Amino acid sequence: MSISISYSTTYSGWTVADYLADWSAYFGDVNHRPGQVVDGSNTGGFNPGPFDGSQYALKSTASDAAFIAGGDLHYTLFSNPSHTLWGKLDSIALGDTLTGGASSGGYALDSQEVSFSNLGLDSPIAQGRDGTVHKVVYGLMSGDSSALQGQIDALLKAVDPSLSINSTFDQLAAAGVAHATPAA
(Lines of atoms letter the chains of each structure in order from A and count residues from 1; the text may use other names and numbers.)
(Lines give C-alpha, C1' and ligand atoms only; values in the text may rest on other atoms or scores of the structure.)
Protein backbone atom coordinates (compact mmCIF):
# COMPACT_ATOMS: atom_id res chain seq x y z
CA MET A 1 0.00 0.00 0.00
CA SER A 2 0.98 3.65 -0.53
CA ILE A 3 2.16 6.34 1.86
CA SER A 4 -0.34 7.28 4.52
CA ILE A 5 -0.14 10.47 6.53
CA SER A 6 -1.66 11.69 9.80
CA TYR A 7 -1.70 15.39 10.71
CA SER A 8 -3.14 17.51 13.44
CA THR A 9 -5.74 20.02 12.08
CA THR A 10 -3.24 22.67 13.18
CA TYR A 11 -1.22 21.92 10.07
CA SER A 12 -4.18 21.71 7.65
CA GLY A 13 -2.97 24.63 5.57
CA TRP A 14 0.73 23.99 6.10
CA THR A 15 2.93 22.35 3.45
CA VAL A 16 4.89 19.21 4.36
CA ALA A 17 8.08 21.07 3.43
CA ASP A 18 7.31 24.07 5.75
CA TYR A 19 6.26 21.73 8.54
CA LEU A 20 9.33 19.46 8.41
CA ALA A 21 11.71 22.39 8.13
CA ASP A 22 10.12 23.96 11.20
CA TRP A 23 9.99 20.60 13.11
CA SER A 24 13.61 19.62 12.39
CA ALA A 25 14.95 22.98 13.62
CA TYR A 26 12.70 22.67 16.72
CA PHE A 27 13.97 19.11 17.44
CA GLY A 28 17.48 20.31 16.71
CA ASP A 29 20.61 18.18 16.77
CA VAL A 30 21.40 15.65 19.58
CA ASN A 31 25.08 15.51 18.50
CA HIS A 32 25.21 11.78 18.04
CA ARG A 33 28.68 11.57 16.54
CA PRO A 34 32.07 10.07 17.10
CA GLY A 35 33.33 11.01 20.56
CA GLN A 36 30.00 12.61 21.49
CA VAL A 37 28.00 9.53 22.53
CA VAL A 38 29.52 9.26 26.01
CA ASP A 39 26.47 8.46 28.10
CA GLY A 40 22.74 7.65 27.69
CA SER A 41 21.52 11.21 27.02
CA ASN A 42 21.64 11.06 23.20
CA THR A 43 21.65 7.35 22.22
CA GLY A 44 17.98 6.94 21.72
CA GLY A 45 16.79 3.37 22.18
CA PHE A 46 15.37 0.32 20.47
CA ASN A 47 12.29 -1.74 21.28
CA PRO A 48 12.94 -4.46 22.17
CA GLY A 49 16.65 -3.76 21.73
CA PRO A 50 19.39 -3.83 22.62
CA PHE A 51 20.38 -2.89 18.99
CA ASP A 52 17.45 -4.15 16.93
CA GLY A 53 13.74 -3.65 17.03
CA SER A 54 10.41 -2.68 15.66
CA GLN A 55 10.98 0.88 17.03
CA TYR A 56 13.81 3.28 17.44
CA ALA A 57 13.01 6.40 19.43
CA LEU A 58 14.81 9.50 20.39
CA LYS A 59 14.04 12.66 22.35
CA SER A 60 15.40 16.17 21.59
CA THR A 61 18.17 17.59 23.83
CA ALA A 62 16.51 20.94 24.66
CA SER A 63 12.85 20.58 23.66
CA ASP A 64 10.06 18.11 24.35
CA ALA A 65 10.26 17.03 20.72
CA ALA A 66 10.74 13.37 19.84
CA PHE A 67 10.35 10.89 17.05
CA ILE A 68 9.63 7.21 16.72
CA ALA A 69 10.90 5.28 13.72
CA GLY A 70 8.96 2.09 13.16
CA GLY A 71 9.78 -0.93 11.03
CA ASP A 72 12.17 -3.89 11.19
CA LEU A 73 15.31 -2.06 12.22
CA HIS A 74 18.86 -3.07 12.98
CA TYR A 75 21.90 -1.18 14.22
CA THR A 76 25.47 -2.37 13.77
CA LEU A 77 26.99 -0.43 16.70
CA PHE A 78 30.75 -1.17 16.55
CA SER A 79 30.53 -4.00 14.00
CA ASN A 80 31.39 -3.35 10.30
CA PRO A 81 29.98 -1.24 8.82
CA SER A 82 29.99 0.65 12.09
CA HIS A 83 27.05 2.72 13.27
CA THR A 84 24.67 1.85 10.53
CA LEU A 85 20.94 1.81 10.98
CA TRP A 86 19.57 -0.60 8.40
CA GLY A 87 16.55 -2.76 7.66
CA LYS A 88 12.98 -1.81 6.90
CA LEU A 89 11.62 1.63 7.74
CA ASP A 90 7.76 1.75 7.59
CA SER A 91 6.96 4.77 9.74
CA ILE A 92 8.16 8.04 11.14
CA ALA A 93 6.09 9.70 13.83
CA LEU A 94 6.89 13.23 15.02
CA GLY A 95 5.53 14.87 18.12
CA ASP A 96 6.07 15.83 21.73
CA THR A 97 6.78 13.88 24.89
CA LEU A 98 8.26 10.44 24.35
CA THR A 99 7.29 7.74 26.86
CA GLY A 100 7.94 4.11 27.46
CA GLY A 101 10.63 1.90 26.07
CA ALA A 102 11.51 -1.74 25.84
CA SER A 103 10.81 -2.29 29.56
CA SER A 104 7.18 -1.17 29.21
CA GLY A 105 6.44 -2.93 25.95
CA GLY A 106 6.94 -0.02 23.51
CA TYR A 107 7.64 3.64 22.90
CA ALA A 108 4.84 6.17 22.53
CA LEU A 109 4.31 9.85 22.02
CA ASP A 110 1.90 11.68 24.32
CA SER A 111 1.22 14.27 21.59
CA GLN A 112 1.79 13.24 18.01
CA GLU A 113 1.84 16.10 15.45
CA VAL A 114 2.41 14.29 12.17
CA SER A 115 3.18 10.75 11.04
CA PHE A 116 4.27 9.16 7.78
CA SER A 117 3.60 5.45 7.30
CA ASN A 118 3.91 2.80 4.59
CA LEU A 119 7.23 4.31 3.63
CA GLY A 120 8.38 0.94 2.27
CA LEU A 121 12.06 1.76 2.71
CA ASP A 122 14.48 -1.15 2.94
CA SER A 123 18.22 -0.86 3.10
CA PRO A 124 20.69 -3.76 3.42
CA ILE A 125 23.48 -3.84 5.92
CA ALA A 126 26.28 -3.83 3.32
CA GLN A 127 25.20 -0.35 2.13
CA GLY A 128 26.40 0.99 5.52
CA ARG A 129 25.77 4.67 6.24
CA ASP A 130 24.97 5.25 2.52
CA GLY A 131 21.72 3.36 3.04
CA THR A 132 18.53 5.40 2.62
CA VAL A 133 17.16 4.10 5.94
CA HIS A 134 20.26 5.28 7.78
CA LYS A 135 20.30 8.70 6.13
CA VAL A 136 16.60 9.32 6.70
CA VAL A 137 16.70 8.61 10.44
CA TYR A 138 20.17 9.91 11.20
CA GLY A 139 19.10 13.13 9.47
CA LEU A 140 16.26 13.52 11.98
CA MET A 141 18.73 12.95 14.83
CA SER A 142 21.01 15.69 13.57
CA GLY A 143 18.46 18.40 12.70
CA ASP A 144 18.22 17.79 8.95
CA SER A 145 14.97 16.42 7.52
CA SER A 146 16.29 16.58 3.87
CA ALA A 147 16.58 12.84 3.31
CA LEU A 148 13.15 12.22 4.79
CA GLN A 149 11.70 15.02 2.68
CA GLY A 150 13.14 13.46 -0.48
CA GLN A 151 11.69 10.08 0.20
CA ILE A 152 8.29 11.48 1.04
CA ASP A 153 8.43 13.59 -2.16
CA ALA A 154 9.08 10.45 -4.24
CA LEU A 155 6.36 8.42 -2.59
CA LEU A 156 3.90 11.24 -3.03
CA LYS A 157 4.67 11.64 -6.74
CA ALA A 158 4.19 7.92 -7.29
CA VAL A 159 0.62 8.26 -5.94
CA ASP A 160 -0.30 11.21 -8.08
CA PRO A 161 2.03 13.46 -10.02
CA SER A 162 0.24 16.62 -8.74
CA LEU A 163 1.45 15.77 -5.20
CA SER A 164 4.74 16.71 -3.68
CA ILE A 165 6.56 17.70 -0.53
CA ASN A 166 5.20 21.22 -1.25
CA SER A 167 1.55 20.15 -1.14
CA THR A 168 -0.58 21.20 1.88
CA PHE A 169 -1.70 18.51 4.27
CA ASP A 170 -5.29 19.38 3.27
CA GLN A 171 -4.41 18.74 -0.37
CA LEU A 172 -2.97 15.37 0.55
CA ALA A 173 -6.15 14.61 2.41
CA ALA A 174 -8.20 15.57 -0.69
CA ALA A 175 -5.97 13.23 -2.69
CA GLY A 176 -6.69 10.32 -0.29
CA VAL A 177 -3.13 10.19 1.13
CA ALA A 178 -3.56 12.02 4.45
CA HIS A 179 -6.02 12.26 7.30
CA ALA A 180 -6.60 15.10 9.77
CA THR A 181 -7.03 14.35 13.46
CA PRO A 182 -10.71 14.66 14.40
CA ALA A 183 -9.37 16.14 17.68
CA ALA A 184 -10.03 18.41 19.26
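What we label the rigid core is the largest C-alpha set whose atoms superpose within 1.5 Å from one form to the other. Shifts are known only where both forms have a C-alpha. Positions refer to the first chain, counted from 1. What changes on going to the form deposited in another entry:
- The two forms, fitted on the rigid core, differ between the two forms by less than 2 Å at the CA of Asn80.
- The rigid-core alignment places the CA of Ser111 less than 2 Å apart between the two forms.
- Comparing the forms between the two forms on their core, residues 38-40, 100-105, 182-184 form runs of at least three in a row where every Cα shifts 2 Å or more.
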The other form holds:
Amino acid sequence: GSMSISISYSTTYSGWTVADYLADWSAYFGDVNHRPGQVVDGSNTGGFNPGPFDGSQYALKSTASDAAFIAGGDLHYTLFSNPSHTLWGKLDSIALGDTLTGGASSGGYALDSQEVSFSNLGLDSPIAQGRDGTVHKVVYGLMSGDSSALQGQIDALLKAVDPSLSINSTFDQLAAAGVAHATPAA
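Compare with the form deposited in one PDB entry: the form deposited in another entry:
Below: the lone chain, stripped of partners and molecules.
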Protein backbone atom coordinates (compact mmCIF):
# COMPACT_ATOMS: atom_id res chain seq x y z
CA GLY A 1 0.00 0.00 0.00
CA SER A 2 0.81 3.78 0.01
CA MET A 3 2.26 3.43 3.60
CA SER A 4 4.69 0.56 2.67
CA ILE A 5 8.45 1.11 2.41
CA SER A 6 9.70 1.31 -1.20
CA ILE A 7 13.36 0.58 -2.10
CA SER A 8 15.34 1.38 -5.24
CA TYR A 9 18.70 -0.26 -6.05
CA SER A 10 21.23 -0.16 -8.87
CA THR A 11 21.24 -3.60 -10.62
CA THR A 12 24.96 -3.78 -9.50
CA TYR A 13 23.68 -4.47 -5.91
CA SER A 14 20.91 -7.02 -6.85
CA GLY A 15 22.76 -9.84 -4.99
CA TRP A 16 23.66 -7.75 -1.89
CA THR A 17 21.74 -7.82 1.39
CA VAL A 18 20.45 -4.42 2.59
CA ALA A 19 22.47 -4.92 5.83
CA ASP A 20 25.72 -5.64 3.93
CA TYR A 21 25.17 -2.63 1.61
CA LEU A 22 24.55 -0.24 4.54
CA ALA A 23 27.48 -1.58 6.65
CA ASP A 24 29.81 -0.90 3.66
CA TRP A 25 28.16 2.45 2.78
CA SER A 26 28.56 3.72 6.39
CA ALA A 27 32.28 2.79 6.39
CA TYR A 28 32.81 4.19 2.81
CA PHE A 29 31.17 7.56 3.66
CA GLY A 30 32.91 7.37 7.07
CA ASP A 31 32.60 9.98 9.85
CA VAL A 32 32.70 13.66 8.64
CA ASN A 33 33.35 14.62 12.35
CA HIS A 34 30.49 17.18 12.66
CA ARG A 35 31.20 17.71 16.38
CA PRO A 36 32.40 20.54 18.66
CA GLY A 37 35.90 21.72 17.66
CA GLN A 38 35.71 19.68 14.39
CA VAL A 39 32.97 21.45 12.39
CA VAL A 40 34.42 22.78 9.13
CA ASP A 41 31.92 24.92 7.17
CA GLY A 42 31.88 23.88 3.48
CA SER A 43 33.52 20.51 4.39
CA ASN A 44 31.22 18.79 6.95
CA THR A 45 28.10 21.04 7.36
CA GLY A 46 26.21 19.96 4.22
CA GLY A 47 23.16 21.99 3.22
CA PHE A 48 19.37 22.26 3.27
CA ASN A 49 17.09 22.74 0.26
CA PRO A 50 16.00 25.48 0.56
CA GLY A 51 17.53 26.21 3.98
CA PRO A 52 19.01 27.95 5.68
CA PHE A 53 18.07 25.71 8.73
CA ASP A 54 15.00 23.86 7.29
CA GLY A 55 14.38 21.95 4.07
CA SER A 56 12.56 19.32 2.07
CA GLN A 57 16.15 17.93 1.69
CA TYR A 58 19.32 17.79 3.78
CA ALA A 59 22.36 16.63 1.78
CA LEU A 60 26.03 15.93 2.55
CA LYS A 61 29.13 14.69 0.68
CA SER A 62 31.74 12.60 2.52
CA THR A 63 35.13 14.21 3.27
CA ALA A 64 36.75 10.71 2.89
CA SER A 65 35.20 9.51 -0.46
CA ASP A 66 32.76 10.62 -3.25
CA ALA A 67 29.89 9.11 -1.14
CA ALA A 68 26.90 11.42 -0.51
CA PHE A 69 23.41 11.10 0.97
CA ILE A 70 20.16 13.05 0.60
CA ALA A 71 17.57 12.95 3.39
CA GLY A 72 14.09 13.90 2.08
CA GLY A 73 10.97 15.03 3.96
CA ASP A 74 10.27 18.14 6.07
CA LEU A 75 13.41 18.61 8.18
CA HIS A 76 14.35 21.25 10.76
CA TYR A 77 17.64 21.98 12.59
CA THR A 78 17.62 23.88 15.93
CA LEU A 79 21.35 25.01 15.89
CA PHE A 80 21.81 26.73 19.34
CA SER A 81 18.10 26.73 20.35
CA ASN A 82 16.76 24.29 23.01
CA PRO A 83 16.93 21.42 22.32
CA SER A 84 20.28 22.36 20.69
CA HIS A 85 21.67 20.68 17.52
CA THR A 86 18.49 18.63 16.89
CA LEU A 87 17.37 17.53 13.42
CA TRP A 88 13.62 16.84 13.69
CA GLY A 89 10.48 16.70 11.51
CA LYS A 90 9.40 14.24 8.79
CA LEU A 91 11.86 11.84 7.16
CA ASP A 92 10.30 10.22 4.06
CA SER A 93 13.44 9.13 2.14
CA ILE A 94 17.17 8.39 2.23
CA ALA A 95 19.13 8.29 -1.05
CA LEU A 96 22.70 6.89 -1.01
CA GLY A 97 25.40 6.96 -3.68
CA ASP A 98 28.18 9.07 -5.25
CA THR A 99 28.47 12.63 -6.62
CA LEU A 100 25.99 15.10 -5.06
CA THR A 101 24.56 17.48 -7.77
CA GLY A 102 21.86 20.19 -7.85
CA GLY A 103 20.50 22.23 -4.95
CA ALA A 104 17.55 24.64 -4.35
CA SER A 105 18.20 26.79 -7.49
CA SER A 106 18.50 23.53 -9.61
CA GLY A 107 15.08 22.04 -8.53
CA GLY A 108 16.65 19.89 -5.76
CA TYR A 109 19.68 17.75 -4.84
CA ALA A 110 20.22 14.44 -6.70
CA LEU A 111 23.01 11.85 -6.81
CA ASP A 112 24.59 11.52 -10.27
CA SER A 113 25.18 7.86 -9.19
CA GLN A 114 22.28 6.91 -6.90
CA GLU A 115 23.01 3.34 -5.73
CA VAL A 116 20.18 2.72 -3.20
CA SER A 117 17.16 4.63 -1.85
CA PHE A 118 14.55 3.99 0.84
CA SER A 119 11.19 5.81 0.42
CA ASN A 120 7.91 5.99 2.42
CA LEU A 121 9.95 5.70 5.66
CA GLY A 122 7.01 7.39 7.52
CA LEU A 123 9.33 8.77 10.26
CA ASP A 124 8.12 11.82 12.20
CA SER A 125 10.05 13.09 15.26
CA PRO A 126 8.80 16.09 17.29
CA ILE A 127 11.19 18.86 18.43
CA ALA A 128 10.51 17.93 22.12
CA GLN A 129 12.45 14.60 21.69
CA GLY A 130 15.65 16.56 20.83
CA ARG A 131 18.62 14.36 19.80
CA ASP A 132 16.72 11.23 21.09
CA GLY A 133 14.29 11.55 18.12
CA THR A 134 14.41 8.67 15.60
CA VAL A 135 14.84 11.16 12.67
CA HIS A 136 17.87 12.74 14.40
CA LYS A 137 19.48 9.35 15.20
CA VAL A 138 18.82 7.92 11.69
CA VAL A 139 20.34 10.91 9.83
CA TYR A 140 23.19 11.57 12.34
CA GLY A 141 24.19 7.91 11.87
CA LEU A 142 24.76 8.71 8.15
CA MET A 143 26.98 11.71 9.19
CA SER A 144 29.05 9.66 11.62
CA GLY A 145 29.73 6.21 10.04
CA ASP A 146 27.06 4.21 11.95
CA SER A 147 23.82 3.39 10.04
CA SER A 148 22.49 1.13 12.91
CA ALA A 149 19.43 3.42 13.43
CA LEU A 150 18.54 3.50 9.68
CA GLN A 151 19.09 -0.31 9.47
CA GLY A 152 16.66 -0.87 12.40
CA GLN A 153 13.90 1.32 10.89
CA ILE A 154 14.19 -0.38 7.45
CA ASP A 155 14.17 -3.83 9.13
CA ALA A 156 10.91 -2.95 11.03
CA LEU A 157 9.26 -1.48 7.86
CA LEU A 158 10.12 -4.63 5.82
CA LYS A 159 8.73 -6.97 8.52
CA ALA A 160 5.47 -4.87 8.34
CA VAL A 161 5.15 -5.63 4.56
CA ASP A 162 5.78 -9.35 5.24
CA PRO A 163 7.42 -11.08 8.24
CA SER A 164 9.66 -13.14 5.84
CA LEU A 165 11.45 -9.88 4.81
CA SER A 166 14.42 -8.29 6.62
CA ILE A 167 17.58 -6.26 5.99
CA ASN A 168 19.24 -9.72 5.57
CA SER A 169 17.10 -10.15 2.38
CA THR A 170 18.90 -9.42 -0.92
CA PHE A 171 17.63 -6.54 -3.08
CA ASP A 172 16.57 -9.21 -5.64
CA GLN A 173 14.51 -10.98 -2.89
CA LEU A 174 12.90 -7.64 -1.93
CA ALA A 175 12.12 -7.04 -5.67
CA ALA A 176 10.44 -10.49 -5.86
CA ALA A 177 8.36 -9.43 -2.77
CA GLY A 178 7.22 -6.20 -4.59
CA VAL A 179 9.11 -3.83 -2.22
CA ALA A 180 12.30 -3.08 -4.22
CA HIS A 181 12.80 -1.76 -7.78
CA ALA A 182 16.00 -2.04 -9.86
CA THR A 183 17.53 1.21 -11.27
CA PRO A 184 20.32 1.65 -13.83
CA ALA A 185 23.91 0.67 -13.00
CA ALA A 186 26.69 3.30 -12.96
